[PDB]
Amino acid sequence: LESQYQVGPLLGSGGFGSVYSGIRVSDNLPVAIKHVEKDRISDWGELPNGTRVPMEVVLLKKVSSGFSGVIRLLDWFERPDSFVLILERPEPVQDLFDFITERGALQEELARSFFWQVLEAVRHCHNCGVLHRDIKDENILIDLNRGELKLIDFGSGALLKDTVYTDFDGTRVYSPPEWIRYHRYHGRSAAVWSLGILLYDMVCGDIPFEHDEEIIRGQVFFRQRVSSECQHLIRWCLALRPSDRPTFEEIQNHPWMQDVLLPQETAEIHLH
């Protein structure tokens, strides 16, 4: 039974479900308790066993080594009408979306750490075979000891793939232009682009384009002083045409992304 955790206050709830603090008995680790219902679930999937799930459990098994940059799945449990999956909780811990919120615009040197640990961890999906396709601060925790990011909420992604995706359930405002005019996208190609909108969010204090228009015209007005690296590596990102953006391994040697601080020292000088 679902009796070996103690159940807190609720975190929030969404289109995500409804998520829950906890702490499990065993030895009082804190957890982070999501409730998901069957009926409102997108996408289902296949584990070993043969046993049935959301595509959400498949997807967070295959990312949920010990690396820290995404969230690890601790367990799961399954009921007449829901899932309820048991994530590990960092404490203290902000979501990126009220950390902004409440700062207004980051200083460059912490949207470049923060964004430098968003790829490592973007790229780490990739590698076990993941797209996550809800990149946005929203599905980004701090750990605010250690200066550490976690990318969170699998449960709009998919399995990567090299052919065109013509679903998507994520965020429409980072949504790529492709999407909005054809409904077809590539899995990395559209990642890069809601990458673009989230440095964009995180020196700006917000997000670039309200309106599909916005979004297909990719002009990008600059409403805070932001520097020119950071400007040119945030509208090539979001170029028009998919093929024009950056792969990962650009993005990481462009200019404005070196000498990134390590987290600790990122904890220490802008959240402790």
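Numbering follows the first chain given and starts at 1. For clarity, a rigid core is taken as the largest C-alpha set superposing within 1.5 Å between two forms. Compared with the form deposited in another entry:
Considering 20, 248, 256, 16, one residue stands apart with a C-alpha shift of at least 2 Å between the two forms following superposition on the core, and it is 16.
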The other form holds:
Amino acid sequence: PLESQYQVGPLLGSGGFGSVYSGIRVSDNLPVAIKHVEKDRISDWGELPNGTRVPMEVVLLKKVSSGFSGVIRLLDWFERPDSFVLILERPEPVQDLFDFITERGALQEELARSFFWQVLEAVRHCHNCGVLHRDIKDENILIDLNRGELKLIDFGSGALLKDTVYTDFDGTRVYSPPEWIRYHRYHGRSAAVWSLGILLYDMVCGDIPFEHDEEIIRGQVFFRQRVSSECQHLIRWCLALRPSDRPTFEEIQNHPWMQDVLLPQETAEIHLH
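Complement to the form deposited in one PDB entry: the form deposited in another entry:
Below: the lone chain, stripped of partners and molecules.
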């Protein structure tokens, strides 16, 4: 069943209408997260290799959960009459990046560099697996505090990666690009890069740059904290108004500000210990 294979603990997270529980796999006492998804809340369905009807979130998790990566892996899933239950890896101790920034404030650039680099590697992994996350933000990034490793979570707004235009979007609006706000259309990669620019600004300034649609479409970036010129340049490049003017993942990682990144363990010893 499910209640027999796992020892269910308390609900995780604060606020929201989701239902993710802390759990432990009885067989080996492995820490897990038990995520419940309401069928009536599912708008995008897909089919696994076998051809079964499941939430797109499951399809995408399966595609990226092969091997090691900076993405939280799906260990198993169950279908119930009115919902699906996903068993996910659970780092311990852990803290999501949103809470981390709330407590620490704007992050030192060395730390932001390490974190951003890991997010880039995780997103590249997703794209390599043919998956577009569509909801990259601090709330969807978990920090494995002891290892200094970041993990991407929640593919509930994702889609299969494609080269044609997307005209649907259910991610976080303040991280969405101007082309979506104005024309209700975008391409996967350039929209992802825009969200990464928002995330990087969030890390080095302690809050997102835009709150209203008018600010997003104007694209003017004001830095509220002291940020190096190189970092500002990278952020402004990711936030270019024209999609084709934004950097590719390769250009981001070859940017001067991204050089000499700390290793995950070094990051934990210096900034998380």
